[PDB]
Every structure is written in C-alpha cells, then in structure tokens.
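Note that one protein chain is taken out, while the other chains of the complex remain in position.
Note that the chains take the letters A, B, C, D and E in the order they are written out, and that residue 1 is the start of every chain.
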Amino acid sequence: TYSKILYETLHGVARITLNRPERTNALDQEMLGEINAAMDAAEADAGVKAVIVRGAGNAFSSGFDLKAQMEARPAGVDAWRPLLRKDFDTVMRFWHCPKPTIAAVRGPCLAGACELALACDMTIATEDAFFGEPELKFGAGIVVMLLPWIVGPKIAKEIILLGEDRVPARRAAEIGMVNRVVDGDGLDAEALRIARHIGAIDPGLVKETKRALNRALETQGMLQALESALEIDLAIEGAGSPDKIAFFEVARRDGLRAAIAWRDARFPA
Amino acid sequence: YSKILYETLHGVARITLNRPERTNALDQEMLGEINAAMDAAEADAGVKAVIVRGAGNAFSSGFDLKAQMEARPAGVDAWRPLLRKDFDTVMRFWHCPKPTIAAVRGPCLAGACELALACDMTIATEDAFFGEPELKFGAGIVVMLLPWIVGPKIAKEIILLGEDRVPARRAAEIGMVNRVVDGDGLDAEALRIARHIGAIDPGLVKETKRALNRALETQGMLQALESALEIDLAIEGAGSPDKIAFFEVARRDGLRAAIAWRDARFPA
Amino acid sequence: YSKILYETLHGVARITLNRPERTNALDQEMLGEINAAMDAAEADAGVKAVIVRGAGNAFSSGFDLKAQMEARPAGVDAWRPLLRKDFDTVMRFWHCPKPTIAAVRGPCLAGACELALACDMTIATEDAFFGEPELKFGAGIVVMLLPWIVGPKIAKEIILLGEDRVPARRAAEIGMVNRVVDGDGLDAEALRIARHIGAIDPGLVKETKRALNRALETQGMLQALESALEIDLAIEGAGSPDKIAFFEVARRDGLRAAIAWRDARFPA
Amino acid sequence: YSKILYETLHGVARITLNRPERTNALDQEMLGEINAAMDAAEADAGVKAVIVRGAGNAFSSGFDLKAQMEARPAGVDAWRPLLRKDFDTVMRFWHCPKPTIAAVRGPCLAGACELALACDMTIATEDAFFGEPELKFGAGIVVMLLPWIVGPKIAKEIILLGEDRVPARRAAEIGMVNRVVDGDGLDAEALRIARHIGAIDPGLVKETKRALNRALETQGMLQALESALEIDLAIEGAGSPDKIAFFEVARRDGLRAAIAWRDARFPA
Amino acid sequence: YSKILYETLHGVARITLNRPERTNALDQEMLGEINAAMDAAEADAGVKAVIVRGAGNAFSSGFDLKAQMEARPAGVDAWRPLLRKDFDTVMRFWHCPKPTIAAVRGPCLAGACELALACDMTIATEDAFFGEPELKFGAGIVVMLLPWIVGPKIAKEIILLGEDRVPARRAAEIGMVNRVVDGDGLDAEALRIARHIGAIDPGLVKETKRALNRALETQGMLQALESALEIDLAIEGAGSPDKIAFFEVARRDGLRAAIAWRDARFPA
Partner (left out) sequence: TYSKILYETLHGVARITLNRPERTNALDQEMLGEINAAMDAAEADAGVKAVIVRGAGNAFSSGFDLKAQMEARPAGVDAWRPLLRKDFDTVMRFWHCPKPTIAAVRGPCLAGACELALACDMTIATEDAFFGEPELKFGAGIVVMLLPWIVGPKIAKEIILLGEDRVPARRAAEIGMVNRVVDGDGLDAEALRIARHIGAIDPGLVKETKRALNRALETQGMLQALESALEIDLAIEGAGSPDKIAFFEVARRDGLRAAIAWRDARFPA
C-alpha cells in the first residue's frame, strides 16, 4: 500500500525500508507521511515487539529531499513551520516509540536521515557506511539537534559546524553514534537477531525499561533543548540563508551536481 | 562481618565482597554489612578513600537470586523495602564524602555492575567482564546509572539486550572503566590510587568531589534514578512472567538448568 | 599587547599566548589582554572564527603560580575577584558568538586546560599533554567544565588525582580533543578548520552555535559551573594547608624545588 | 456521545460532563468520549478554544468510585492502563494546542479537580467547591498538578488532609481559579472569554500558548507528573488497606454509609 | 539624555522614562539611553540601588508602536536585532548586580510591564494599571517573565486575553506588585526602600541578590525566556495578519482609530 517505503512483519519484528533508490532514499513529504503511518501500524500491532529501519539497496538515506525543496520553493516562516514540524516529529517517532527501534545503515546516512538514526534506540552499520550533518554547507540549519545528546559537545560541534558528511562507521562507533559495525553481508541478519532477541522478552518489561532509559535524557531537558533548536531553525529557514539561496540559484540554472561543485569550491580542499 | 571483609590499611578502607562459593552474590545480610562498613569508613578520620573488590576470582554476580528464589517476595509492599535497600546501598558509593574505587576482576554483573558504576572510579583486570543481564531473566533495572556513565545508545544496548559479557577493554572504551590492569596488579593499582588521594588535604578532596557530583545532580540524575526505581517497583511488584518462568525452572532443576533455559530463548 | 600576539588572517583571528619563559602562564595582565583581544575579534565583522594557541612550543601551564606566590592573596574577599576574572576569561571561549578553536602543542594544564575545554573544538599535536594538577598544588578547580566534556568517571580520575600528563591520543579518546595532528601541521589544520567556518554565512554559524550551546545550558551547566566556582572560593579563601606548604617551599627554595617537594608526597 | 455533550458554537467547542445522577462522575466510557471530543475540537479549524463544564448543578465529583467498586481492579498490571487513561485524559487540557477553559459550579473534586487544574483557565460560580479527597478513602493522587498551580504549602495541605470543600473564593486566592462569577453568569462568562480568544489569529494564540506551557515544562513538570503517576501505580497496585476498608463498607451498606464511615475516622 | 532623566540622590540612581506625549513609549533611542544609564549606575560605586519610574503621570505604555508603524520592519532578519535589544534591555533589571525597584503610576503595559516584572521589587500607586495587551495588537510576547512571577493560570489569562487594565490592588494580590501606595507617596516609598538597601554592605546585597536570582535560574528561566523570544521572532518575522491589519488602519486613520478598530473585534 505504500509508495515510498516498504513495510514488513517477520519473526515478531516490523521492518521499514526507506524506498526511493534513484534519489538515495531521500526523505520527501510523502515518505515522511508513510513512515508515520507505518510506525502507527507497528505500535498498534501487539505481534510487533521491535522495529528495524533501513534503506533500500545499499544506502540508508541522504536525508530530507533537496530536489523536492528546489522545486517547491517554500518561502517564509509560515511556509517553513509545518515542514520542519513534520521533519522533527517524524524523526522523534523513533525515540518516543514504546517499542525498541534499530537503525540498520549501509552507505550514506546523512542530514535528516542521520538524525532519524540518532533517534533510534540502537544503530548498527556496515564498514562502508558513512554519517554526518552537511546542512550548514547547504545554507540549511539543523532540524533535530540530537547530536550533542548522543556524542557530547566537542564532537557534535565539529560535525555540525563543519558539515562533516563522510564520518566512517568505525569513527561513528568510537563516538557512540553507532553501536556495532558489522560485515556487509550480515547487516540484515544482525538487525534481525537483535530485534528477535528483544522480541523474546516480556513486552511490558521492555516497554517499561525503555521508558526508564528515555527518562534519563528527558530529565536533563532534552525535549526542551530540541524544541529550542527547532525554533532557531525556523528563524534560519524562514529568513533563508544567502548560502542556501545561492545554492538553489545554481541548482535551478546548472543542475544539482553543478550546485554541489559550487558549494564544495567555497571550502578548503 | 560474615559476608564481607573490612580492612583499614595505609589510610584507606577496603571492603571485600566475600562469598566466593556464590560468586560474592549480594544478599540481604551482605548489603546490611556493606552499609555498616561504609558508616565506619565515613566516620574514621584516618580513612581517606574506599576500595571495594570481590574475594577470589570475581567481583560479584549481583543481587542473590537463590536467596530471592527461596524468599518468594510477592507484591508491591514486599518488594518496596528490598529495592530501597538495593538502591540506597549502591548509591552509598556515589554519595560517599570520600572517593570510592571499584577494583574488579572476573564478573561484575547486574546489581554489582551498578555498585561499580556508582563508584568514583573503576579499575579492572584484563579478565573482567561487565553488564546488566536483568531483562533476560525477567528482572527490571534497580539503579539506572548506566545512561549517566556511558552514552545513551550504549546504555540502551547493554540493558535492553541484557549484555553480560562486556570485556574490560570495551568497558574502558565506553567510560565504564578508568583503567585496565594485569590480573596480578589489581590490588596494587587500587591502593596506589587510594594512597595518592590520601596524600591530599581531606577537606580539599571532599569539596572537590562535592563539586564533581554536583555536575550530574544538577542535570536531575537523582530524580531520574528515583523514577527508574519506581518503575522497577511496578515491574517486580507485578512480577514479570519471564521471571516467574525462570524461577519455576530454577526450583525444579536448579540454577544451572534455569540459565540454560534462559539462554535458549535468545539467538545463539 | 605585551603577553599575547594578535593576528587577523584569512578572515580568522588568532591569539597566541606569549610568555615562553613562564610556559605562557596566565597572569592578570595576560588575562586582561585575552579579554581585549576577544572584544576585538567579536566586534570585527571581518573575523569569522578565533584560534587560540601558545608560543614557545607550549600552549600554557595555566594560571600563574609565581605571580600568586608574590601577591599572597589572603581570604575570601581577596580571592573573589581573582577567581571571577579567571572563570569569566575562560568562559569567553564558550560564550563567544563566533566559533573558537584551541590549537595545542606541549603542555595544556590547569586553567589553560579549562580554557581549551571551553573552546568549541580542540586540535592537538602528538606531543601535547593535558590535565588538571590543581589538587596536587592544594588548589581547587576554578572552571569545572571537565565533567561536561568527558564522562563522569574520567573527569573524577583526572581531577581527584591531578593527572597532568594525559597524552593527546588519550585526550582524543575521551572527547577532550577533536583531532590529533603532526607537530608541524597544527597551524595549518587549525586554519583550515577556521577558514572552512569562515566560508559559511556568519548568521547561520552564530545561530547554530547558539543552538549547540543551548543543549548543555539546558542541562544546567552554567549553574553547576557557578556552584563549583563558589566552592573554590571557600577552598582558596580558607587556604588549603597543602597550598600554604607548597608556597612555603617555593618562597624558600624556588618553584622548581616546590614541585619536587610536591611530587615526593605522591606515589612515584 | 452517551456520557458527554459536545457542541460547537460561536467558534468555540464545549464539552459537558453529563451524568447528573452520579454527579457527572468520570467513568471509563466518559473518559473515552472526552478524548474523542478533544480529537474533534483539535481537528476542527472552526474551533478556536474549548470550554469544559458539568451538567446540572455540578462540574464533577471525579473518577467513578461505584464503577471501581464493581470492577475490582487488582494489582499493578490491572491498574496501569486505568491510571494511564486517567492521567492522559486530564493532560489533554494542558497539551491542547487551543486554549481550554474549565467552567465550574458545585463540586469539582479529585480527578475532576485535576482536569480543571490542567485547563489554561478556570472560572467558577460562588457556590463551587474544590479539592482532592483521595487520601481520605485510601486513594493516591493520579495527576499531581496541584503543587504547580498553587504554592507548595497549600498543595500539601489540600492533598495530605484531603480537603474537599475549598470554596471558590479561596480557590481564587490561591490561584486555582481565575474568576468567580454569579451562578447565573457562568456560561456567559466562559463564552465571552472563549470568543475573545477566538477573535485572535489562531496561529498567534497557538504559538503563545506553546511559549506559556514551555515555562512550566522547562522546570521539569512533565517528569514530576510522570513520577507521581508511577508512585500512584505502586499505591493502587498494592491497594491501600484504607481503600479496601472503604469499599467493604460501600458494598455492604452503600456509598452514603461508606462516606459516613470515612468521615468518622477524622476529627469533627 | 533626550528620552530619560537620570538622577543620583542619597546613594540611589533614579531613571525616569520621559516621553509624556507618547506615554513614555520605549523607542530605540530610549532603550539605548536606558542601557547607558544602567551602565552608569552599575559602574558608580556611590550608587547602591536603582529606581525606575515614568514622567507625565504614567510609567510606560510599552515598546513604541508609532515608531514601529513608521519603520515597517519586515522579516526575520529585520526583527531579530529589534527583539534582541527589547529583551536584553528589559533583562538588565533582573541581571543588575544592584537591586532594582520599579515605581509605577498610571499605565504599565506590554514591554513596560515586562520591564517592571524584571525588577527586584515593584511599588505602585492606587491608580496604576498593568497588563500585556500584545496579542490584541497581533504582537507576540517578547519577554515571557509573567509565568515566573505569578501563577500559571493567572499568567495565561493576562497574556492570552491581552488584559491591560489590571488594577494595582489586583497586581499586588497575584505577586506582580509588592506594595500599593497613595499617588503622592510613590517617590518617597521607592526612596525609603532604596536608601534602606543602601545602608547595607554592598557586597552582602550583591551576593544575596545573586543567590535569590539563582533560585529562578536553577529552574531554567533563562532558557524558557530565550525560547519564548525565539518563538516571538517567528511570529513577528512572519507578521500576524492581526498586526498587519492594525497598522493598515493606523497609517490611514491614525493609531487612535486603530485602537478603536482593535477594541471592536473583542467583546465589550
């Protein structure tokens, strides 16, 4: 029934596949809506004990869809507010989910998709996976500022302020963004083992224990800090950074590859 | 004491968890004696720091399940004082005005892992292993210190999967362990650290630890811990069917058989 | 400036701590000049980021103890303004609207370690070493950023033991340092990072840094820091006998001999 | 709906708690219908604000004790979903993106007092009375909003003594009630306030309420409320002997007799 | 100064908001002068406390709408610095190391109400009236101090309804005003309070105010205030149709007529 994702249940586990292989599984408006529908279904289904999220093929996702943004040309605070609200709330579904969520990453896991994975209870990745938040290089702000809650301040500042977007899975594991790096041929099997392990436990026990774990960070004010960063991003995008305006000016004229080249030329080699 | 050893040496107090035949499992009696020993250490002006370690080849496997099997606590009102004593005893090592050092070899699991988490520092031998197996036999987490010591993703993995073979080197990578040492060098390293602390003006150490602990307490850690404890009271007061099933096997076939039953529920 | 160098290059301000004969020790004069330089960098629209580094093959050994030995501040009212200036100067690097980058070679100790902790990023050479030796001198911690930057166990070890030889590699493992580079590549790496930042819309960088800092401020970091500072005012206002003894040796036989006396108090 | 009325008028939604023969007691069915009505109000762009009131001469006496007597929920797992529904339904009025106004006459007690506390504003007739009688019949507090709305001393008095006759004028003095009006002027005043709100750009109202609620959420209110809810789960899961005794009389002699039994335990 | 008076008397600084023809409306120039006066008062060791009051039988109607009508700021980047200056100027009175006392007669509205809320104490004449009419103008709240000063229900009523005629007596009941005095006794009462403070060791007052402010800052007030300010930047950056409509009438028929148009939108 879905157009931009796949939804499966197997072995008491739900599996969501971000499914737009020709756009590196970029998260557009439609896909975000379907993710919410799938999470609703997984949460309502007593036969589902855990949720795996992955991308189609050998990419997780490059993040929120910039080609769709180029075409839509949202302008001003009131246009941006609902876009960012949906981005933020969809990502946070994976944190708030009463059932444990596992991100299983191949290839790129960037920007909004990096945030989606950050929100999951666990993240596993292949050696070839790479992570980061390139937003500022595009002239975009950060929608869901989970990074400093997961990896701590110095590393979060480096990744976000420089727009690091090639952080290897091994490094992501060192800093606490990734739980396990696995063999490429074994990613789906490892995610399923973890999910089925969770599925063997009394669901109430898992639910209450996750509640207690999440409470540790919520006690620190994480949800207020996240809402504050989202508010800041609304001001950023509602105004429109000249960096983003210039990026899409090049993109509409010469194409997105040319815009990326233009972007990369502004920064050191 | 019957279930611990308490020593003072070189201006340091040392508590040894002492029931090697039961992997130094923390029963009610032992918890009471730990509290008495900490009271003594805190009152003794000649003591500048506290080391906690296990007897024999182990730190501790955690709260005593055989004792729990036999006592059959049932319901919220029965479980409340058990969990309160568990929690407050572990938290003695955090709140202690003097620095506390966990010196770990072999298993350091469940309630014992939490006891070590509460100490200011943990040192471990190469052979030490850590974790929180609670959920695998239907128990909740009593003292939810883990997400305050290590990253959130790592804490969720260890607790939700009941990881109970986390090697010392990995524990060091994630910030659960300060130093990994040779098996024959544990006691010497712990004493060196404790005597180093003991060379410093005790008031300076006291006020500095106060400031260090304040950083986490400012974040609301004590409220989060109390919240997790209350959640666990509901879990245990109800009694998870996983735990009921585990103890049914344990009573019938013994703990070794019950562990086999437990492990067979999970992937190989 | 007398005790720093100030440069602007490629849209970046660079501050060099400059008293090589005293390992760039942060005295009152230098602290005032650092504030003046930060004022200049923050007011200059052509400056997009700030690099801080040291001259003479070192970053800094921290607040100046020779100056303290000579001045002999005594009591709470004398110490309050000294600590206030120390603390506020360090925190300039956190609160700076523009990104700040500590570029460290050789020693980065005590108040200078805290200065680097306050910066948005820290880069270090292979030969750089870090730590907080204060408690060994009988001094308290002025700016208790460490438990906000690294885990609680690691922060307690460094501060309670006065670790002052933490290698760059280890500092990177625990999250105190972002990148370790070759000795001759430090300036170039810091500049590449700063010029990368300088290519971005300044408002975007400003607002994003605000959001990043808000994450830690939401947790109550500024209150925890002020609390630790007030605790330190009591420590220094009273004066630890450890510090009084240290300076008694220093005035008699010199700081060199006082450090030797200090080290002999602790395990080798 | 069977147990409520839902109206839209003049750009305002109005929910009427509607079981006058039982003092509009909130049973499971009514709570479900309140949630359905709030879903409707929140989805309807023609609705700018929500009024909640009771049918007849009363707001509500709170959660339905007769229904509880008959259902005999027993243990933690039975009580968990009951309390979760109670709590989440009350908190709809806080979290509602649109402003909520409680319009109270006669009794507004226990769970109903908490429902009114959660609304953005409360207006009351001269004859209205308020409070939290829970502890007097062995029940805990489900939604611990009171100490967030009124001072700590006042909240402790009302809850620990089970005050259940707090007059509207006193409720206004302590900040539980915004305005006291004549008995014949309640509906007009509530509508005037709601239509005033309805004249304002809905987005402006929405964002301003978001900011207002943020002030209390920043203080940790939602964590404190969840903590109190978990404490209540232990209380009710265990079952206070006071409640067991109360319902024994209620089943045998009826609720009127049980209230007499209850009141005789306390000073005249 | 052009738009304020500044006096020093009896070791007290007194700032008088001074544009009687515009009800002492706070325009850009006045805000700059208030900052300059506060700088002067804070640097002057002979000043022990600060009184702020208004000229022309009024305190202030708030930020200047006539100036806003003429300037026509449009969009987020234009509004950001305007709101920043508004907010930071108001918060000068909270952060001031010395105690601040608002002495109010006649209107004290909107941004001026927020200014008074930020002061350590507020004294008012019997004829003074308070409130936050912003939402009726289609404006958001710049400085959301109200829920920190008065209860949540009362703050929501004042802000969501734009109450702008709250009498001094009522303001005292809810904790917005400390003392109500006779019209001719305001200056004398404010001066008595300020001179009382001025008799105390300045350091003692300074440190005690620090401790008092810390109570609210510990709760996260500064983060909540910054969050509300960012929400207001979105509101004003977009521009509410209510405000756009208000100024359309104001430019055509004058502010007087625009206020009449505004009032006709709401119940009489």
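Quick note on the criterion: a contact is a pair of C-beta atoms (placed from the backbone, for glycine too) under 8 Å apart; a residue touches a chain by one contact, two chains touch by 3 or more.
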Touching the absent chain in the whole complex: find that residue among E:16, E:18 or E:219. E:219
Taking the full complex into account, find the residue in D:25, D:47, D:155 or D:197 that is in contact with the omitted chain. D:155
One chain is left out of this view; which of D:141, D:180, D:250 or D:258 touches it in the full complex? D:141
Which positions on chain E touch the chain that was left off? 99, 120-122, 148-150, 173, 175-178, 192-193, 195-197, 199-201, 203-205, 207-212, 214-216, 218-219
In the complete complex, the non-displayed chain touches which residues of chain D? 135-136, 138, 140-141, 144, 147-148, 150-157, 159-161, 173-174, 219-221, 223-224, 227-228, 231-232, 234-235, 238, 240-242, 265-267
Could you list which residues of chain C touch the chain missing from the display? 75-77, 80, 220, 223, 226-227, 230-231, 233-234, 237-238
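Methods note: only the chains that are shown with their structure count from here on.
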Name whichever of A-E and A-B has more C-beta pairs touching across its two chains. A-B
Approximately how many whole Å separate the CA-defined centres of chain B and chain C? 35
Chain A to chain D: how many Å between their CA centres? 39
If you look at chain D, which of its residues touch at least two other chains? 77, 203, 214, 218, 220, 223, 226
Is the way these chains touch best called a line, a ring, a star, complete, or other? other
